[PDB]
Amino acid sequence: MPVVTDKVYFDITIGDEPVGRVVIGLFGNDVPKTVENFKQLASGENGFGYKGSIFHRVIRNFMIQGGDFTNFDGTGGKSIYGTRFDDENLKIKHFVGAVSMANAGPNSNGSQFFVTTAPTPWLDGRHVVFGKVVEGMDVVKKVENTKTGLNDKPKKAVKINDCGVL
């Protein structure tokens, strides 16, 4: 298993009601550049980041996706290195509770990421896995079961009300 070297928290609300904290353990020895991006975006130290952003796409028994702090719809976000950065390591496979970079094809990591709640083996090799959930899988589950609309957008906003580096 990859070693966890750092942790980030997300305090999440649904429709402005608190539903709990997710703590993600990060694999900084295997993908240090990807882990630095996600830590800096959680801390907001470049003036922009995840606080206040939403999980815009939620699919029951598959994944929750968020990190689009520019457009809030899946079209946006940016890394601390520029709009996009390259795939750092594709060797780590997904597993239930994996945290992985969303992308638009090869070498197109930004700020968007997803947390799985079921196997997603068809994503192996194509998305950079960079951590896993170490607390609050039950909170991810609440989000996973929230009622959705067009293109799996949550009817009530699922918001990262606060976040940071532990």
Contents of the next structure:
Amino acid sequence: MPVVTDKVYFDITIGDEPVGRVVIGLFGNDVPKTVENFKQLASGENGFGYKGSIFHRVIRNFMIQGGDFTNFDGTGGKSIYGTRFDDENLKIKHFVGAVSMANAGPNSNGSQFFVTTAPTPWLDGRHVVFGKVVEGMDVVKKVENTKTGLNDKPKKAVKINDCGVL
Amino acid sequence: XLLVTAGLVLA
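Let me have the form solved in complex with the partner chain next, following on from the form deposited without the partner chain.
Let us now look at the entire complex, which starts with that chain.
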């Protein structure tokens, strides 16, 4: 079990109703560069980041995907190191409540991430896992249960109304 | 299949 070194929170709304807080524990001794990127995007300290962004793709019994604060539809986002950065460690395995980098092939992490809600071992070795949910799995449940339309887009927006570093 | 990209999004 990787060790949790820092924690960040997201306060979620669904179509504007508050639905609670998720707290994500980060594995900062194992993937320090990936964890730095996520923290700073959660604090917004570079002038951009997660606050006000959405979970644009939600699949029940699979994952919820967010972090695209540039285009809001899964095509965008950016790291603190520029557009994209390399895979830090691909040895940490997925598990229920893992928090992991979306990508588009090797070494293309940006700001997009997912929280799994069931086992996803077919992603292992392919996406960098850098954290886990340590509180608010109930809230993660609500999100994965919203009504969705075309390409798994929630009908009501699922917003990170606020976030930051605990 | 069940994937998590960043631009295209496959089966």
